[PDB]
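Okay, so here's just one chain, in structure tokens, the form deposited without this ligand.
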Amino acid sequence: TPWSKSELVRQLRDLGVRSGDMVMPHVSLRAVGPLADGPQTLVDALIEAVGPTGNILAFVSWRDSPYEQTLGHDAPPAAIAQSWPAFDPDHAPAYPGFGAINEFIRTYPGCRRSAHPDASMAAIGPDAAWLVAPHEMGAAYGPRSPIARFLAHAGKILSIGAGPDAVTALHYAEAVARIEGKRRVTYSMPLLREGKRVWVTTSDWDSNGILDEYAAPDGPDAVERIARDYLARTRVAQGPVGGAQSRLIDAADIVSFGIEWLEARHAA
């Protein structure tokens, strides 16, 4: 039987989601199983679980980010520069690789969307505008980003059948860790400024491996290794949401753990 909205809501409360919470979800839809109305049912369930004073923050990115196409160049290659669409937060679809739920989140009425095309975040709830801005180039996941404000806002990470590599907030630990050898990347994004396309080139921390030993394309990256160690070392509520093994994680706690984890292992 397809999972109903009200069944999902009871499971979320069993897991510890309370009215008023600030939740960032990472979802494996195939793990959850058939829903009564497809993925919207789970989006509906999450909005109901956090209530009208609660907030959802999701890492949605952009289906057509020109990250790899501009990676490593001090300007976008001519053919990219001429024809790439400017990022338009009202119409740019979500990146499919983080899960099909994120397109449903970002098109929810009243959803706000942050201005960073590659790191774009969507937020639903009364604090959404405060969560999504500022989001400037060169500050994808660290201080001054939506992840930073989420960590200051009692944020909980809701992993619904997702792996330990999925925890976006740990890129904040990578950004502030006092470790030698931190990898950076250079890329370019096309922004809308007054409705004209403007190409902006920036550097930021490499989010595909903060150090060489974590940059193997198959992993494990540092996010996976930190989260795997954290979950073996911490009491975290675990339970089903739909058919999926799910956990509800204290975001500030896992990020503080990750900062200490990196600084213990790598000289300053």
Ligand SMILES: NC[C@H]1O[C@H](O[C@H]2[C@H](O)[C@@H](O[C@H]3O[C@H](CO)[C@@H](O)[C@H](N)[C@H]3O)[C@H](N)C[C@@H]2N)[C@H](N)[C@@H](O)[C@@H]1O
The other form holds:
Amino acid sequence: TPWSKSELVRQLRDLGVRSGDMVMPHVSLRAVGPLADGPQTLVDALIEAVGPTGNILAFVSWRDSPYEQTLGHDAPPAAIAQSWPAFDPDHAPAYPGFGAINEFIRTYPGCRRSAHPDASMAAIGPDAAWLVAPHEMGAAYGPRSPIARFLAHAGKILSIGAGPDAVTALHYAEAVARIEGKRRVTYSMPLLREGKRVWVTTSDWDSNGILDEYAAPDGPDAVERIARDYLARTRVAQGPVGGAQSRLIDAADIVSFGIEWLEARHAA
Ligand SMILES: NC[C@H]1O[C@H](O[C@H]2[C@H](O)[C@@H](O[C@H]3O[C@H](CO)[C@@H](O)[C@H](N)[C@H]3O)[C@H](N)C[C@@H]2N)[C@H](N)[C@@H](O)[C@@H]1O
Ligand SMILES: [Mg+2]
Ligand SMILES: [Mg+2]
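Next, report the structure of the form solved in complex with this ligand; the form deposited without this ligand has already been given.
What follows is the whole complex; the chain from before opens it.
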């Protein structure tokens, strides 16, 4: 029988979500199983669980990010440059590959959306505007990004059937780790500025693997390795949300662990 909003809220409370919390979810809807009203049921449950003073932050990206089409070039290729849509935060759909729940989050009334087209973050709650801006090119997951502010805001990572590789906040640890050999990428995104499309080319840390040994397309990357080690070494509330094995992780603690993990393994 499909899970109801009330059942999910009670499960979230059992896992340790409290009114007023700042939560970043990573969801496998397949693991959760059927929901009374589809994915919206779990969105509504998350909002109820954090309450009217709580906040949700999600990494939603953009269905049409021209990442692969511009990667490695000093400017967008001519055909891309002429016809790609500018990123419009009000209308651009979320990227399906990071979870189908994210499009429901981003379209929720009052949701705010960050300006970085590839790293776009959506937030719901009283602190949403403060969470989502600034989000500049060159600051995808590191200092000055919404992730940085999430980590300063008592953030909790709510993994609902998701694997250790899903922990986006660990890209902050990669950004700040004092290690040699860090990989960077160059790409271009089409922004809206005063109603006009402006292409911006930037470099940033490689979010597909901070060192060569973490950058195999299949993984495992550093996020996955760090998170697997952390979860083997730390008390973390675990329990069901819907049909999904779930965990509620202190974000600052896992990111600090990840910085240490990288710096212990890689020369400065
Ligand atoms: N590397 C191994 C990991 O790979 C993917 O996760 C990555 C994404 O690939 C990356 O995406 C970027 O590169 C994509 C491919 O070019 C673009 O499509 C996308 N627009 C662009 O933002 C995110 N920023 C960070 C995330 N950890 C898998 N989901 C994950 O399970 C696996 O562990
Ligand atoms: Mg508050
Ligand atoms: Mg809207």
